[PDB]
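Visitor: For reference, the chains in residue letters:
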Amino acid sequence: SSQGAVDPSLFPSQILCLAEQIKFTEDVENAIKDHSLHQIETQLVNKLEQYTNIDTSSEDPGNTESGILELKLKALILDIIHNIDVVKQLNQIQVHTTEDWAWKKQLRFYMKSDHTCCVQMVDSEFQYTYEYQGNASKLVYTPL
Amino acid sequence: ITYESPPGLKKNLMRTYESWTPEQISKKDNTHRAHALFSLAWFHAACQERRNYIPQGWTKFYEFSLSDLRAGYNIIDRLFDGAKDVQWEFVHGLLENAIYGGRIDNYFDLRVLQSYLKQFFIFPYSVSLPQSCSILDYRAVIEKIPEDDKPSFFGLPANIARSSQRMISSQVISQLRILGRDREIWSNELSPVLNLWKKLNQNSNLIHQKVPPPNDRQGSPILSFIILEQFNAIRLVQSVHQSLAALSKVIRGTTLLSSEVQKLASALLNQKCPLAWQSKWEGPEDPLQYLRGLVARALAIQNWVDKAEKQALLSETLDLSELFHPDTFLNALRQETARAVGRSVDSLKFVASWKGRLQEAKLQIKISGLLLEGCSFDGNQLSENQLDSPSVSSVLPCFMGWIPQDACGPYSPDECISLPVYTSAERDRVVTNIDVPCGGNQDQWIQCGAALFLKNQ
Amino acid sequence: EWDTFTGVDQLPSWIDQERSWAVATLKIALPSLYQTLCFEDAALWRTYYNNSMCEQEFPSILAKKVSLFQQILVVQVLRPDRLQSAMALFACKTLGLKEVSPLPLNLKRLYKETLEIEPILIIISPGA
Amino acid sequence: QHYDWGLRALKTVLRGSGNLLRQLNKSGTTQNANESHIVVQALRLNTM
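Protein chains in written order, with the deposited numbering: chain A, 1524 to 1667; chain X, 3828 to 3948, 3964 to 4023, 4032 to 4307; chain Z, 3588 to 3595, 3612 to 3731; chain B, 1860 to 1907.
None of these hints come from the bench; they were simulated from the model. We treat Cβ as the ideally placed atom computed from N, Cα and C, and that holds for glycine. Please note that the accuracy of each hint is not assured.
Stated by the list, open to error - For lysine-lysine, the following BS3-like pairs were computed, each having C-alpha atoms within a straight-line distance of at most 25 Å:
hint, chain 1, residue 1, chain 2, residue 2
1, B, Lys1885, A, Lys1597
2, A, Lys1556, X, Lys3855
3, X, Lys3911, X, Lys3945
4, X, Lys3986, Z, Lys3668
5, A, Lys1628, X, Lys3986
Stated by the list, open to error - From the structure, some residues in chain X lie toward chain Z, with a derived Cβ separation under 10 Å:
hint, residue
6, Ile3828
7, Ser3846
8, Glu3850
9, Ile4010
10, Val4014
11, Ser4274
12, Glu4276
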């Protein structure tokens, strides 16, 4: 929907990160079909600025009672920085369409009509097998 | 049955095209497609046949399989029977990133693979007469390829074949020489080692019998380096002298054996170097040449002290043959320039040049004596080698200093190529990477595999 | 011949020291070919010393006084950048083989030859 | 023989900085020079 569903108490981080990546994927594959759309890069920059600004609302209280999940924010910042770098390189090379391999090089998280995920790289695809991970330390996306 | 690679070019293409089945190649859509299959065949054959020259065409012996080739055929199937207009880019992109670059650890071999992948998407044109989708013409062009192979098909210079055939001929002659046919320690299978040592060190008793004081950091960081150099050198020299005095007394004297004496004796009878000597300093596998290099550096570092006590180490022409650890010397120059300028050490650069003295640098030192292979160096231009080109070419001298970042470099960025600076012909470890002015068409200078050696002997 | 083949000078002037020591070896060992060669030519051997693919540019004046094995003795002393092809054509002439290389290794060919008395030992190498 | 500068020492120092900035906002205030002053202590908790 058009309004944000920002309510990070209501969902575990495993679903927040996945929902943001799926919606990112479908929006960018609308974009490169339609237009180069620096609007989406500017939208990601302002959204990341919003998350970094809201991060100062939980950092000063810190240790409270029945309030944790500042970690759901910090596990979202990294994926947003990944999307920043992807859109910036697509801008630097000026890719025309979707079948261009500089897009299908990048990792894609589609949605199937049976509503379950299907992680799909270049041509190989797999399925999301719904293991509940909980909070864990993710990695910085180096080009290695 | 020995199950290996074919020993030649057109042999490899014949094995490849025998392993294909013709219903695979004979598709309806014909003309632009099977020529790419021939490009894959030539690329597989070339990358396999580079391995005969080591460390020239590759730095190690990388394992390339036929499963790699069949995977590549699967790729080109899903490309051409994929929809329209296959991008030549991502063929080599996925190919480097998954298949053939998944054997590679050094960066410069990746560069060489990048150059062949860029090149082969055109041929030595006179030897290449390609055809239409007729399969037996693809068979017959292989017989139109000559028997004997040429490195001009590959990119290597012509002195490669001279050195290779000299060494291979001596190998086969010694191997056919094989088909025709404690006392040794008391004999003289190891006497010329001791004899070369007694010639190296008979008039340098100060140079193996003096003691430098154990020192800490002085004022400028170039003094401490040379003092530690002196200390390590005299320590290794006296250690070698003890390890040879023991094995001298067990032969030409009256004593008995230990186990480490047997270790030194076993390694020196097999004419390799013991692990205790390689624990300190890496040298040549010849122990004789090892003692040579060691005593040479032993003379040298005392001369370095004598001309660096007065801070006159800026003016004189010096040579990097005589440094046990030259990059630590260059990083000592990094500290002295970063202290003399008044800027933090992380914000400098290292550029050398040939077309005159460094302007924007703090210090200028004349470094000469480098050796070069794979090309023929001239000021402002690299020239290709010839048939009668000698192997080891000396070089014009250089000016080296440390330059602050975001300043104007003496060479423009898109006219030069980075070359490793190894230590000897074995091509083991990298000191730095200097830029050399190319002037366009850099891919030839990639596929030559140009290098630069700090010295020899 | 075979022992000095497998290793078991102020008169020449246009050559290198590296070949001159082997010249001294050939002169002390086999003075017969030293007499028959006339090394002070500097006319035909100047031509032979400068050809590429110099296995077949033999001076044809001496083409009936020198055997096939003595040409390789000439090659080893003059120019060791030729010995592999020299041996190759020596063997190809003495045995009539059109190549020193073998055929490839199609296992579909060597299926039908074998038989169940003895098995088939496939030696491998790295990457095989 | 026994030194190290791998990825693990770096990953240690980064959490050693994250913990100090985790203390010095809920326990006080934030300013300029302390933010670059922290990383020296968060590096010398290992490297010393």
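Visitor: Does each hint fit the structure? Answer for all of them.
Guide: Outcome of the hint check:
1. A C-alpha spacing of about 17 Å is found between B:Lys1885 and A:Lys1597, which places the hinted pair at or below 25 Å, so the restraint holds.
2. The hinted pair formed by A:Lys1556 and X:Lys3855 fails the criterion: a straight-line CA distance of about 32 Å is larger than 25 Å.
3. For the hint pairing X:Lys3911 with X:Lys3945, the CA-to-CA distance comes to about 21 Å; that is within 25 Å, so the pair holds.
4. Of the pairs offered as hints, the one joining X:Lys3986 and Z:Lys3668 is violated, with about 37 Å between alpha carbons and a cut-off of 25 Å exceeded.
5. Between the alpha carbons of A:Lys1628 and X:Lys3986 the distance comes to roughly 40 Å, so the proposed pair goes past 25 Å and is violated.
6. With a cut of 10 Å, the hint placing X:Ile3828 at the interface with chain Z holds, because the nearest CB-to-CB distance is about 5 Å.
7. Hint on X:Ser3846 holds. Least Cβ distance to chain Z is approximately 8 Å, under the 10 Å limit.
8. Taking 10 Å as the C-beta cut-off, the interface hint given for X:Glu3850 is violated, the closest approach to chain Z being about 16 Å.
9. For the restraint placing X:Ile4010 at the interface with chain Z, the shortest Cβ-Cβ distance is roughly 6 Å, inside the 10 Å limit, so the hint holds.
10. Interface restraint check for X:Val4014: the shortest CB-CB distance to chain Z comes to about 8 Å, inside 10 Å, so the restraint holds.
11. Taking 10 Å as the C-beta cut-off, the interface hint given for X:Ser4274 is violated, the closest approach to chain Z being about 21 Å.
12. Checking X:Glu4276 against chain Z by beta carbon gives a least distance of about 21 Å; that is not within 10 Å, so the hint is violated.
Checked against the numbered hints given earlier, this structure breaks hints 2, 4, 5, 8, 11, 12; the rest are met.
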